[PDB]
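Colleague: Each chain, written out:
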Amino acid sequence: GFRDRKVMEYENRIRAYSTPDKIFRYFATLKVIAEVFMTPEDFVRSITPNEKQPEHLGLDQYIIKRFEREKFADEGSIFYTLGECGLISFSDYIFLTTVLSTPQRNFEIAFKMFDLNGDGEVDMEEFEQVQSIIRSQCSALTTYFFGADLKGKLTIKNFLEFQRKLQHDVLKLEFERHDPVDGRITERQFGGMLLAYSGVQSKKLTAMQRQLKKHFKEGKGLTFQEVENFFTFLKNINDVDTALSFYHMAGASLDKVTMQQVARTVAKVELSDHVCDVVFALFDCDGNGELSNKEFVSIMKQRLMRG
Amino acid sequence: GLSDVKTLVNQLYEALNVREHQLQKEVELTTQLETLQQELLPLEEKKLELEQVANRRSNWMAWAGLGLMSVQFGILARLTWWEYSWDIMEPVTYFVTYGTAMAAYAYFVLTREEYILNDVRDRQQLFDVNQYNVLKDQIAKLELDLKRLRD
Amino acid sequence: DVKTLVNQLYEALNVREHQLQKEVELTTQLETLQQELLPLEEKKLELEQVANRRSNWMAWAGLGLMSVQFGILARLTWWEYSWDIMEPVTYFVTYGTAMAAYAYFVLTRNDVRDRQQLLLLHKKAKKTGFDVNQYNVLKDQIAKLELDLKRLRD
Amino acid sequence: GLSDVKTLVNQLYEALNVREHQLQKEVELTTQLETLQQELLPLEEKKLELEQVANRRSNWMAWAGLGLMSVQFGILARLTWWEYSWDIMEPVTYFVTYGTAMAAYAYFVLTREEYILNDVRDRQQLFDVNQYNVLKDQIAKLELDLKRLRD
Amino acid sequence: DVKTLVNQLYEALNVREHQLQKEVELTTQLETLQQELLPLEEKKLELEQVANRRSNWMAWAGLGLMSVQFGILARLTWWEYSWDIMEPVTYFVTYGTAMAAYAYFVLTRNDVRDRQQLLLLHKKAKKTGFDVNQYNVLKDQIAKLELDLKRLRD
Amino acid sequence: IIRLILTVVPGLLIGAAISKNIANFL
Amino acid sequence: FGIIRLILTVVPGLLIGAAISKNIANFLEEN
Amino acid sequence: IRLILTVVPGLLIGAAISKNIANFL
Amino acid sequence: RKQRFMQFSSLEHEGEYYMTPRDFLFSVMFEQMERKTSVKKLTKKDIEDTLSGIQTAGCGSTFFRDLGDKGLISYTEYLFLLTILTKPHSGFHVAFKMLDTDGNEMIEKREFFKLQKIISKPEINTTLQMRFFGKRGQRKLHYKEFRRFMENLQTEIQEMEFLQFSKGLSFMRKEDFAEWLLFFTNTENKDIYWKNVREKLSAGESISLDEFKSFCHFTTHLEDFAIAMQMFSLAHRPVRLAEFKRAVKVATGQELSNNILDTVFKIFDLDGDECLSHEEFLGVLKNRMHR
Ligand SMILES: [Ca+2]
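As given, the protein sequences belong to chains I, B, A, D, C, H, E, G and J, one line each in that order. For reference, each letter of the first sequence is one residue, going 105 to 137, 143 to 176, 184 to 253, 275 to 444 in PDB author numbering. For reference, each letter of the second sequence is one residue, going 175 to 300, 312 to 336 in PDB author numbering. For reference, each letter of the third sequence is one residue, going 178 to 286, 292 to 336 in PDB author numbering. For reference, each letter of the fourth sequence is one residue, going 175 to 300, 312 to 336 in PDB author numbering. For reference, each letter of the fifth sequence is one residue, going 178 to 286, 292 to 336 in PDB author numbering. In PDB author numbering, each residue's number is its place in the sixth sequence (first place is 1) plus 66. In PDB author numbering, each residue's number is its place in the seventh sequence (first place is 1) plus 64. In PDB author numbering, each residue's number is its place in the eighth sequence (first place is 1) plus 67. For reference, each letter of the ninth sequence is one residue, going 86 to 206, 228 to 397 in PDB author numbering.
Treat the hints with care, since some could be wrong.
Here are the in silico distance ranges between beta carbons for each label pair [claimed, not checked]:
id, chain 1, residue 1, chain 2, residue 2, range
1, A, 285, D, 221, 32 to 38 Å
2, A, 181, B, 212, 44 to 50 Å
3, E, 79, B, 291, 53 to 59 Å
4, A, 282, C, 302, 23 to 29 Å
Among the chain D residues that face chain B by a calculated CB cut under 8 Å, a handful are [unchecked claim]:
id, residue
5, 182
6, 190
7, 210
8, 239
Calculated pairs, DMTMM-like style, for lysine to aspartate or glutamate (alpha carbon to alpha carbon, straight line, at most 25 Å) [as the list claims (entries may be wrong)]:
id, chain 1, residue 1, chain 2, residue 2
9, B, 321, D, 322
10, I, 438, I, 298
11, B, 180, C, 328
12, C, 305, D, 218
13, J, 182, I, 427
14, C, 332, B, 178
15, D, 326, A, 330
16, A, 321, D, 200
17, C, 321, B, 257
18, A, 326, D, 200
19, D, 180, C, 188
20, J, 241, J, 101
21, A, 306, B, 293
22, I, 174, I, 191
23, D, 332, D, 208
24, I, 340, E, 94
25, C, 220, B, 287
26, I, 431, J, 185
27, D, 321, A, 330
28, D, 221, A, 218
Read the hints as simulated data drawn from the structure, not as lab findings. Here a beta-carbon is modelled for each residue, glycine too, at the ideal position from N, C-alpha and C.
Can you make the complete structure from the sequences, with help from the hints?
Modeller: Here is the structure:
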């Protein structure tokens, strides 16, 4: 498979360097009558590297569709509130992709700045200012955040909850795009998901497969809930790194029990045995249970930040 | 003009004094050919030296130009396919090619201007190719007369 | 003094029938010159044709190679791949083709133009039997003689 | 060599026979120069005619080349900016530029091969420039000698 | 008979003191001929320098226009617009520059190379006071005289 | 220059009209 | 009379280029 | 020296001319 | 740092150096010693007697000052205080989590040494151990007492700074505040700043201790200020005094006074415009916070 590798590398270059319009016209797959659209699966594909586009659709070729209408997103999903029956237009593509990326501290600060004697008060003009500023560093959602009168105020709590629900739904789509059986993902597939935004080389993943084979770990599966708990754990990676370096210099060994103790103490999340087994299987120095804190923090940071 | 007709009479006299008309004349022509060639050799030495010293320069200059162009080719290919994408490296390569072409034409015009200025200055301040050339022509005519005399 | 003596000399040697003698000597020296010239001319013609076939073949081969490159690129960017993925490949192939043409140039190296061409042909030959300067002085002698004959016939 | 010395004696006798050596020779020089220029005239007329006939052809051919290049430019500009966008017509313009360069090369090759094959065929099967140039030589030398004798 | 006649004439006119007389006549004939040639060389030098000024000036103007065009394209391609909208404009500007260069090169129009160049300059400019032909024949005659003087000095 | 313009500009306009007609025909 | 040879030189070269790209891409995908 | 003094002013003049022409348009 | 320890240590026992609370305060305030007194070499009984007469000190914000010369510091302890002064406090809380899980976070005498050795990267009794765990290690260290103690340390050193610049005048003068602000920044730009403040200070205005404490707190929170200024720059609106006050209210979470913040905007108004030259402002505050 030579041509497929060439095409996937070209797609990674598009994702990493091209303009926000080329990424849309290339990854969009619908044309409704005339406006282009991207089903939610296409939106998930446009951010996770090493995903292949269907052969025929590609660039500037779409499945022209004719104007109860079919639903492209499940009820209650956040993409459903975009306004269409679960479809994303370029206008919403930019908004969603800038809500996924920026950290919540910036949103807190921006909301606090542009307001009048208010912690979390904002208006449509102030919201446009916030969007412009954050994009430097929305269609049919006006009713959702402001009301039919269009004069309601978005409290920072509501927007942060919306952002969190967005990340959760994109995570569920990214999980389902791995074809779960009975609701369980293969250890190697979880390794891919974890290292997807990391180094291109798959060597370490292989070593993980050999480790799980000689350890009787490969073949038990991780539920989606475990992955969700693991990513909520990763959502405190700064304090986790500080605590890891502290325990390291203290003299204690970075074993499984140490990782579950630090998880419980500083992240308030209960890790399962299997998840720690897998993190260690692909992150040990060579064989030993001591964790390579530095490279681990590096890879988890470059993965949590979506690149 | 009297000296001219005197020289005509001298030519006539050298003609009449001949013994073994065609043989000794062939001998004299052989000596003349040998003398003219021995004289011609230094001019040919000068000419070949100048030719080589003017050819190696152009050879090395063209090799240098080709090497520089190949280096630019490699740099642009590595920046395009590994470090960055072609979407972001299209204007950079176009303008780098524009700059290389403009620099080549500027070097050409500059060497032309310098050469013509220096040549005109040297001519105003001042291997004679024409005596070499008339020497070649005279020695060829003499070899031709020798051939025609042979048979 | 010497005037009557050169008059007697003219009467003795220059019988004064020398006009028709000049005519016949001219119209036979011309033929002897042409016969002496023909071998040099045939050598020149053979050398020219042998140095012509090479350039003809090389030009036709260059056109064939350009066409082959065209076909290779048009079969890549329209059946196997897309245009956008094969845009830098075509640019760099064009750059490499220009560079290879330049390397070929660097590795291979009205009437006055013909003189220069013949000088370069003789230099590249080092082929004996055809001495360019002998042929030049010979053609010049023949032209002068024929012009003198045109004057004589009037 | 008897004919050579006969002509030499005739030349010497004619040279000594002249009266007003500096005057009558100047007259004969003027007559000879006029006669040689009058002999040269037809060759120069033929050369000028042939030059004009072989020059207007190349002028018209280069003009046609420019017209065709501009027609191609117009076609590309209208298609790129009116009918279809540039994104869809980048390959068409690249490959049409390639086709045009190939056609220019093919025209140069065709004209060269045809001309040289025709010339070699005519030379093998068969306005003489050499006697025209020899005549220019004789007339320039005669005018130079006349100049020197007058002043 | 006639041989003794021309021998007596040799003793009479060909005094045989003409060796040193010929040497001094030649070493003066050479100066005379160079003094004749000089004005022609001055005219040639003036014409060629005047035709060289123009070439230098025109090539400098060409380089200046090239740099101005490069400047405008770069500024638009990075400050006032994006590269997307300025790709077809770049290609068509390069096409127009090529067409303009060709229209200019159509509206304008080893010693043998220099002789052809001088002949072409004379044919194009056609100014009286300098005849390339008389200049060539005088150059060759003075060359032959220098050569004879070298043979005589030994 | 007048003849230069009279040669270029009609060729370009003819090319434009030919592109119009060819796209219509196709 | 030259146009016949011009076409007979170009068109086979172009077709050969097409077939060669076909075969080389096949080989590369194979190995 | 003359090469730079010819190129650089031409390039700057081109930049300023494109600026002014775009403003006018 | 240890250079400072050896330069300012005034007690010694068995080739080991020790600081008094007075020594320690003069060390945190100055780089060089005022009087080049020789290190007194003291014995075991004497060094025990130095800590006999304690617990007379108020356990509030006068703790260290009340202890005077009556105290003992092991080199490691002196490092542990310095990090509390320079570092933000949150990191220490993370260590409290890491040490003990599902507990009050109690430390033994040896665990206290472990904490010192990790944070700043048998044995004699010391003031910290005896204060925190009782006389013989009977009580345990509950996180909140350590947080209170750190707060009292911050407050005490700040009150000492205010007194040392006031010269016991019970209030400041804004030129003196400017001196306190620009003091540590030794890189030569201070002349133009001094000119600007002297022109724009209007001598006779004053600030009290609460203002000084609040501004030191802001000094400790500065990063959010930088993010807000960066966001304003991306907005490409010149930052103005009211915008600076809004950024301060966001960062600190408190409402500073008009006079203090207006003074600070005026001093770092490098240009004649009404815009904060926040780059140099951040640099100066960074230098000030690192001591
Ligand atoms: Ca392009």
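Colleague: Quick check: which numbered hints come out false for this structure?
Modeller: 7, 8, 16, 17, 21
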